[PDB]
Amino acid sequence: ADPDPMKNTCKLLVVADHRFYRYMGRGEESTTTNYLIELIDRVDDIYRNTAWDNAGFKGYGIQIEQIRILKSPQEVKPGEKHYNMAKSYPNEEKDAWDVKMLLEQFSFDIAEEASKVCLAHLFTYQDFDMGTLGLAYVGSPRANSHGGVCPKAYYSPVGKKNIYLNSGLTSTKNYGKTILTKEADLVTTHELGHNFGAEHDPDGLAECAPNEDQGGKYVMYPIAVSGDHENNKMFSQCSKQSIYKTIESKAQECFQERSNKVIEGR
């Protein structure tokens, strides 16, 4: 099983909510798309150059298919919620949503567009409790996988539609501060890594959680350790095992060819 050039790319829906647009894009479309285009490039760089078998099974990446920028809050009726509404949920005195509820709701609301891509990712700007930066559904090689890349849908009778949990989100706000772009690069790489089927690197396995004087942790380590060490922008063998099986299984199904189109999504 070696890479198919016509199926080596996971096409991505990128969504920026009004909070990201206002604070990170400074309320400019141009600034917003520039920031996201460059972040996905840097994330893709990590992925393409990763050899999941440590041999030559590499060149798998991600490419933006759509950048959906929501320029104001979603109008809502009493009772209703929407991942892009003005207030945070379920507690509107907090800066941020409950982050699990946010991913669930983003997944529900963005379902029509998520059905058309390998992954959908929300970019937002809020301070989640406990210093959380991202969250994503974990992929799997299982034929009946219901999360991450190329998942099976859950049907929503109330929504009269299929819901796909091929989703995740990143916040570039933490403890009231905008994070460094190189920190943001890592979080999104981490959240996408779950989608591709990796769990956290266990602090147990030293070869998957090397000490600082050993080159530092790999990207799927569940704490944002300060300073930049070599391993930070690499996938551990623990991650590589999981992600390799997942790709090998799912790429034929919903990966595409690398392209540089004039217009995406037509």
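Numbering follows the first chain given and starts at 1. So that the term is clear: the rigid core is the largest set of C-alpha atoms that superpose within 1.5 Å between two forms. What changes on going to the form deposited in another entry:
- Summarising the superposition on the core between these two forms, the listed residues 205, 225, 51, 37 contain exactly one with a Cα shift of 2 Å or larger, 225.
- Core-superposed comparison between these two forms: CA of residue 157 displaced by 2 Å or more.
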Given for the second form:
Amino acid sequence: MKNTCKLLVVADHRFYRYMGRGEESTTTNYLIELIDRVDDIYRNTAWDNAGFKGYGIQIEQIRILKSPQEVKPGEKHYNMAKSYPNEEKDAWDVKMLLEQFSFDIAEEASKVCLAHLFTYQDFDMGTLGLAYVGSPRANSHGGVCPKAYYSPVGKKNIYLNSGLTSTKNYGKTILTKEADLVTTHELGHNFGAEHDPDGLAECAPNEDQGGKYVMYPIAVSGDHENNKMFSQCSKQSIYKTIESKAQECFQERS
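Okay, that's the form deposited in one PDB entry, but what's the structure of the form deposited in another entry?
No partner chains or extra molecules come along with it, only the chain itself.
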């Protein structure tokens, strides 16, 4: 039916050079494969533990920004060669970066269920990504489905159906299996999931119980059985969002 959230996938010049080897083919295939692996997790998840399954993601359009964005003095762009505010770090403040991407990609984002940015930046405090949390409410801007949000400062309409993933952490490239989980997790927020309560052991098992689920606030290793699965807490939240938003912007799988 309408069980697929089409994506606008964007790779900046950093991801192109460091993850893609300066090759459009390589960068492109990497993203295509990663999204498909993430899609397997979503598609096989039974949100109602019964029959509400088969919902996933699929790339609608891929954009590879081979080189940085020629910028002028006092202006900033998410694909600009240098980082903001501290260029020396070559890693933006993740929050400002997600907002900038949303501002600059507004036009295209209005045409897709979700827009996701892939970069290669070593964000402070082991941060690997960020994304706006979705909601079942139609007038709630964040997450799945485009809903114009007038940005007082931006002086224009933007869409908060976005998120980003970085495959660099502590000076090195993270593992492929870790990359898959960062994106699953960020898309998870987009799909309506909040962080698993570090209290309710039902949603945050001990290592001898299979480990944490993908939406735990501290990045899982991906070594354990539960690491690439959504908890009950996440299933309930995402089910709620999907139930109403799927009718809103989900399409059929191509």
